[PDB]
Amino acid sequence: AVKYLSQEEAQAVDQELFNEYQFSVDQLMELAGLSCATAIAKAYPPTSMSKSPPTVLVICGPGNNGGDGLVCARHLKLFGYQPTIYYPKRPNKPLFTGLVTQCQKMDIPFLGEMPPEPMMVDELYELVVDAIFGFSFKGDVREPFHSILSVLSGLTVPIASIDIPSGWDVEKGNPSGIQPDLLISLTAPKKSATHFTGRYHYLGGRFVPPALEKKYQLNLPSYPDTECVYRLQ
């Protein structure tokens, strides 16, 4: 059974990947966001949805989890979804400005503001992607993100969270925080995933070298055939 990583373990594994293993961020971020779009398309196939193209709002935060979201949005569009992005706080780095341009060239619209009421979100988007905070955030949720999470917590439509539900303690979870219907753990699940309450938990990010898996005792499941996700039941 797969290892659930502490924040310190997650950070160690990441340090190795981008340093000794010499993977680049945009490379693993590409594979991670592809896994996210893949898990979404598996859990909520366009046929299962009442809108042809199904609508999705992807909300991207100010760090790497936000980047995973941008890559996720672009693959969802290729997979037959109709994504909209809300990306209020963007790092001033070419990685992210390039990702945004890519989404714009995919004809994915960016919102200028978040709808202020859950009912409006419910009415416009069949699914909401939470790409707000990742496993490095240790907190004080400041604004614009506190009120965004407040709206998310009132939604009727499902939320899919990338890696960790935003606003959860990376190890401890958060009983009173958002409760995503889908979680995509990237690389290996974090300890907070033991508190996951939704229907779908997928592992994604099929790039972990066997040597790293062995060193950290990750005990990854076997991804089937050529798939980049695995459904954890």
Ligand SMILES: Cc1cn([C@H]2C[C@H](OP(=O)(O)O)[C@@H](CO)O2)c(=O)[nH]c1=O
Given for the second form:
2 protein chains.
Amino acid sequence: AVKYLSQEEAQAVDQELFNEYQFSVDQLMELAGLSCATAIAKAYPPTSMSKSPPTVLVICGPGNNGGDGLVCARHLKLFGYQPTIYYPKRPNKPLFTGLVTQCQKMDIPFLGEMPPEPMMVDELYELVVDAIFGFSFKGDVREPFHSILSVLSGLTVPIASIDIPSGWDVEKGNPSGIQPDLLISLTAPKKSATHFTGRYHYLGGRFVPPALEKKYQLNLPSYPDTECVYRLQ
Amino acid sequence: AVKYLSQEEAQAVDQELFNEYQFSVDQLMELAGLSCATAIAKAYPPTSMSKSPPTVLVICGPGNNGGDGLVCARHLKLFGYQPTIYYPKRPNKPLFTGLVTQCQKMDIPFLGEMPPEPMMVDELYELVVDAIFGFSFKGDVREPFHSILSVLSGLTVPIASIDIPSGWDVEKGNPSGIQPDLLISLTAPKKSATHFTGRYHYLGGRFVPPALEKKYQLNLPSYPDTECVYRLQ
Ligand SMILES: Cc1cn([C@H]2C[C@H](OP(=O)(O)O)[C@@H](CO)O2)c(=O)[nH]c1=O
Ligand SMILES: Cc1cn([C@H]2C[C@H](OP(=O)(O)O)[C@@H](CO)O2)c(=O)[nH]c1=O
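Structure of the form deposited with ligand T3P bound, given the form solved without ligand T3P:
Below: every chain and molecule of the assembly, starting with the one above.
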């Protein structure tokens, strides 16, 4: 079976990829976001949905996980979804300012505020993508993320979480946290993923060098043909 | 039918993508290289080949097209090919030095010299990827590329060309140039592509914003589901 990483292991793998393998953040953020959009189109293919094109709200956090969300949105649009983004805390770095411009010019709207009620989210968006916090989370959910998670936990439409469900302890999960319907584990699952009880758990980030996988015994499954996601079951 | 771009149009589209849409070179080079590796795995799936894993020589030029080649190689390895790279002229920029390290650490070998004879290439490599020059070419094929193209034109194994077959006039082609078996047109075909007479012509670079496609009337076809390549016929 695939390995489920401790937060320490995940941090080491991430730092190896950027330092020893000298991947750039742009590159792996592009592949991660693409895997997300791909996992989502396979779990919730546009023809299975009742709006045409189907609607999706992507909520982006203040760091890299939110970055992945921005990329996911752009790919989702190319895949025939109609995404909307909420991105309340944006770093002023070229990486993030670039991604914003790209999405803007793809006519993906950035909401001024979060719809305050779960019912209103449900009415407007057929799916919600949680791109708030990822494997590095140790918080301390500060505003506005506490208030956002509290809306999310009342939703009826499915949530897709990027890497980790935001607000979960990365290893121990969170019995009173959000309960997503899809979890896209990037590179390999974290220990919290044993607490997942949604329908769809995909592995994404098809970029792990074999030597890295072997050194960490990830026991990653074989991705089919040229697919960048694998459905774990 | 899809539009076939003049060199001027292609230059304008490229500059729009990097300036007005503010995509970064890393990002689109990653998607372009991924489309290449994907086109190649669909045209020459590993089970159709007689070596296991099948062998591929990727020849990288001195610019961005060679960049795409480097990325293509890395993805090809993940897709179950055994690539080898020849990369004689390497810019000393972090983009290219990064990509080299990545390939090195994936245990993809960089050849010290080109096999001097077509027969020796044919014996060692089941496929050859031409990543030498792309849409920006106006040369003036300087050494060592002249000598490389002269080996390539004597090969029996197929050549896959990235964007344009290296040594062709970007609009007018080249009756005495190389004759690849696969052409991966990136973003949209160039006018030289009307002179293509290999078996496989794929379109790649699934990243053209709809507004850009409309402004240039690319008439791009519909990519299927989440695929990043489309077979033109
Ligand atoms: C090891 C690991 C990496 N990643 C992401 C971080 C990087 O993308 P980004 O930084 O854009 O989220 C990439 C490689 O480390 O994959 C995870 O999301 N979770 C993990 O457990
Ligand atoms: C418009 C156009 C872009 N491209 C490439 C260049 C960029 O990738 P790269 O620079 O890594 O080759 C990307 C967007 O312009 O697609 C072509 O290869 N041919 C074209 O005709």
